Structure formats: structure tokens, C-alpha cells
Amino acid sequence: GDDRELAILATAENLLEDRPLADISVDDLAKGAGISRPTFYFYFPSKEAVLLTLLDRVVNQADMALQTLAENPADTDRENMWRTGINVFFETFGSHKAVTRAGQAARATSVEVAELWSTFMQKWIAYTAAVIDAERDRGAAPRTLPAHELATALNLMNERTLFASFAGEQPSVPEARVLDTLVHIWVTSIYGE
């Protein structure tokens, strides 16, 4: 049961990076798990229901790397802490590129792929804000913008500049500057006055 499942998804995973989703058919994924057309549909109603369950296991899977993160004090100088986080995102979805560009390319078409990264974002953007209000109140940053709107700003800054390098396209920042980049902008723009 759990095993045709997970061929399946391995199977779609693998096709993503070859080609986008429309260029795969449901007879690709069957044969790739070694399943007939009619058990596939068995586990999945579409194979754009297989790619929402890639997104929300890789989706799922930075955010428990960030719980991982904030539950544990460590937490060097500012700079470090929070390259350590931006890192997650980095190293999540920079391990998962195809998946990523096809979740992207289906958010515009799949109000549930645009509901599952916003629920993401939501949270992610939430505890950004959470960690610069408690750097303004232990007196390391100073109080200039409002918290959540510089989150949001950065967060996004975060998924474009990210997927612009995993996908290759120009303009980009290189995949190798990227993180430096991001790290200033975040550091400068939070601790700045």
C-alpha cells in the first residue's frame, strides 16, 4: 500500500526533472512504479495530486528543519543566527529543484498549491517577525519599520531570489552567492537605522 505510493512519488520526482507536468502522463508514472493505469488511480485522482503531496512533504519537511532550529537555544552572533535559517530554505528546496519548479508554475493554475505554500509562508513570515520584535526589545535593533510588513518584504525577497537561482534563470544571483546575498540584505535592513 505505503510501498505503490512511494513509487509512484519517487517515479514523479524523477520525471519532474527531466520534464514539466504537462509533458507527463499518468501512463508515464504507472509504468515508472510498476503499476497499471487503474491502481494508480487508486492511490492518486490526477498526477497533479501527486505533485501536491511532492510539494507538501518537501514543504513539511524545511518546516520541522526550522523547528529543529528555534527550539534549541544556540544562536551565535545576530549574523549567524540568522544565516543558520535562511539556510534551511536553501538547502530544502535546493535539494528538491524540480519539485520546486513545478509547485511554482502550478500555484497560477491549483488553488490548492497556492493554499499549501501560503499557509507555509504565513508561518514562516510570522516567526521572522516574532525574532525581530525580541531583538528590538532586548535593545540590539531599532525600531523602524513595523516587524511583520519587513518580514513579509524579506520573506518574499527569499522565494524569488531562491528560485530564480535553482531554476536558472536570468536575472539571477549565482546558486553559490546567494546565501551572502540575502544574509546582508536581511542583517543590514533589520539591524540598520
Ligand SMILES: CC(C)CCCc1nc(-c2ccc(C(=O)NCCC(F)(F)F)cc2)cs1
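Residue numbers count along the first chain shown, from 1. For the two forms, the rigid core is made up of the largest set of C-alpha atoms that agree within 1.5 Å on superposition. Compared with the form deposited with the named molecule bound:
- Considering 91, 75, 112, 79, one residue stands apart with a C-alpha shift of at least 2 Å between the two forms following superposition on the core, and it is 75.
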The other form holds:
There are 2 protein chains.
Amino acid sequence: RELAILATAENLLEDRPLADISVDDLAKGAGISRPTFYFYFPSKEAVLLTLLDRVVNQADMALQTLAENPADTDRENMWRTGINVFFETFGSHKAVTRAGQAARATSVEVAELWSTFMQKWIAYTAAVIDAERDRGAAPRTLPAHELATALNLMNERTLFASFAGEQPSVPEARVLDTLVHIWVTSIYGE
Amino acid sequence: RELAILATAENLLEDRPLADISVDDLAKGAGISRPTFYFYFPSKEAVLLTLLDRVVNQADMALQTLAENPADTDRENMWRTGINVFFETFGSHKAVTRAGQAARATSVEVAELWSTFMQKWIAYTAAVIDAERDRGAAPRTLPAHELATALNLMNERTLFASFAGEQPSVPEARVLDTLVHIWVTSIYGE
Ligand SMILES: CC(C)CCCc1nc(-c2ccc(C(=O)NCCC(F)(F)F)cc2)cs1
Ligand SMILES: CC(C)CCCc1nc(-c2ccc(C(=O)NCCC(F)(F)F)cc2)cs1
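Structure of the form deposited with the named molecule bound (previous: the form solved without the named molecule):
The next block holds the full complex; its first chain is the one shown before.
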């Protein structure tokens, strides 16, 4: 029934914002009553937090999997496989992505979740840049953590604008190539 | 008295969010009554829209001024002078920047203002990249408008995270050099 509430919420978020979804809407979709809903989640806000937590951990575990089983390809394709984790994971859950980013403004728990994982993904990015510099493949230009931070924030803004069809945005079918170019040139360029 | 209302609002936004500022707060600061406030602005939301409109046009007119009077320096310093318009203009009005970005979620007029100017700044960016390619200084890699869009969105997210001291963020004293590196490598890199 927890899974039914979560699937109901993800389905309804494709049609309307969390503000237009009632606890009664979530309960009906999961085949339970309102007070029975409160046995599983304290609020509709907690439901979105759990949905975002699932998608964020999905992306994180995919990047951990790549990290353990390196692809046998050139540096451009290495970075492309990493960015693609986020493109495919968040782009496969557009309504949770959209609603979760909007909740950053109003939910300390959402803001803290997003902050925690971005710090982790930025640290990992910087560690890989540092490894590329140590082996002589990348030049020692900017501080690696500072470069990693700007590239990770570029991807957050640019992928999510693309998925939402914002004006302006890179077309979704061009956004991966766009970001790979900017990561590879900025990491390997003198 | 319009200028007094606007100065009052900019001052109060340094201490608290627009949600915690009342029309009565703005009126008191400008030395007028509540109904007299409504003679100048329909809402506190319109006051923020005007503040954001002023800062956005300040940045736009600064970039127009640079465009007319080119600086006599290398390509890295050219791009640095352009990014610096946004760093100095928005970084000199941090409370309006913060409040204006937050209002994008709730105000169609704010969202449309921000969208309109980003389109203009992206078009100008793409026109300069195209000129650099035409003269043989930049290689024909990505579509220039797509590259321009991702670089402009990177700057929006990265400058505003820096000004807000978000975790994560590039330190404010490093953010200009960080962005200049990524623009120059991605625009001139093969
Ligand atoms: C083959 C193995 C060793 C992977 C090596 C390539 C790597 N890629 C990354 C990386 C991290 C973050 C993001 C990124 O997109 N952040 C932003 C996340 C989001 F959601 F905000 F967009 C994109 C790539 C780090 S190392
Ligand atoms: C010497 C003359 C000819 C200027 C040539 C250098 C140029 N610089 C730009 C440019 C445009 C936008 C931004 C930019 O930061 N956008 C994002 C704005 C904001 F506010 F969202 F951060 C940054 C530089 C375009 S051509």
C-alpha cells in the first residue's frame, strides 16, 4: 500500500502540481481511506520527499555501478556515460524531478536531500578530475572542486530546463551532447 | 514616493522574504499611508517585479554599452568583461536577485521577464560565438545557440548559488574566474 500511494502520487504529478493533489486523491488511488493514508505518510509533502529520495538514490547507485565497472572507451565517452546517468534517471521521472525541484523552496528536508547528493556528486567529479590530472591527461587549470561545482550546477539547471521545456532551454535531444562538450573542453582544455 | 517605496522594499528584502513584508511595512518606510501605496503599485508583488525589471535592464544596458565600445584586450578578457556585467550587476543587488528568482515560481510576469531577457542574452552570446567562428578564431563544434543556452543557464545557476551562499556553491571570490574558464574552453576548444 506504501508502493500504491507512491505510484498514485507519481501518476498524479504528471497531470498537476502537488498543491492540486489532496491526501484524499492519493488515498483513493491506493485503494485506502484518508486516515489509513496517515498510517503510511504524515503528509502529501512526505510522499513527494520519498519519491525524490527514490529517484536521487537510483541515480547515485547507477553512478556507483559505473564507478566500479569502468567502460572501455575514450575520455569523451567516459564523461558521456556519467552525465547520461542523470539524463536517463531524472529524464525518466520528469514529474518527480519538476515537483522535487519546486519543493526545494518550501521543504527543508527536500533542500537538504538535494544539497547532500549534489555535494556527493561534485566530490566524485572533483576526484575523477584529480585522477585525470595525476595521470597527465588533464591540465592543472582551475581548482578541481570549483570546476566540478560549476559543471554540476550547469547540469542541474540545463537538464531540468530541458525536461520542463522551459524557454529558454536546450532541446532534450541535444542536451546530452551539449553538456558532454562543455565538460570535456573545460576539463581537458588549457 | 515611487522611488521611496522601491528603496524601502530593496532594504527590507535584505532582512526577510517578500512573504514577511506587508504593504503597511512598505508604506511606513516610504512615509505614506496604505491606500496611498495602492496609488503607486497594485501589490507588494508588483513592487518586486519593478525592482527586478530595474536590475535586469541595468545589466542589459551595461552589456549593450560594452557591445558598442569593445575593450582592447584578448578573447579571454573579452568574455570576462561580459560575464562581469552579470556578476557586478546582480551581485550588487543580492536581495532583489534572490527574491526575483524565488518569484519565478509564483509570478507569470516575473517568469516572463526573466525568460525574455535570458533569450536576448543567449541570442547575443550565440551571435558573438558565430562572429568568432566566421573570423576563424573559434572552431565549428556545437550549434552556437545550444552552446550559448547551456553557458547562460550555467551562469544563472552558478552566480545566484554563489551570491546566496548555497551548499553547494563556488565561493563568490572564485565564481568569475570559474565561469570565464568554462566559457573560453568550451567556445575555443576543439
Ligand atoms: C565511468 C565512470 C568512472 C563515470 C566517470 C564520469 C563521471 N561523471 C561524473 C558526473 C557527476 C555528476 C554529473 C551531473 O550531471 N551532476 C548534476 C546532477 C543533476 F541531477 F543535478 F543534474 C555528471 C557526471 C562524475 S565522474
Ligand atoms: C566586449 C563585448 C562585445 C562583450 C562580449 C562578451 C560577451 N559576453 C556575453 C554574455 C552574455 C550572457 C552572460 C550571462 O552571464 N548570462 C546569464 C545571466 C544571468 F544573470 F543569469 F546570470 C555572460 C556573458 C555575450 S557576448
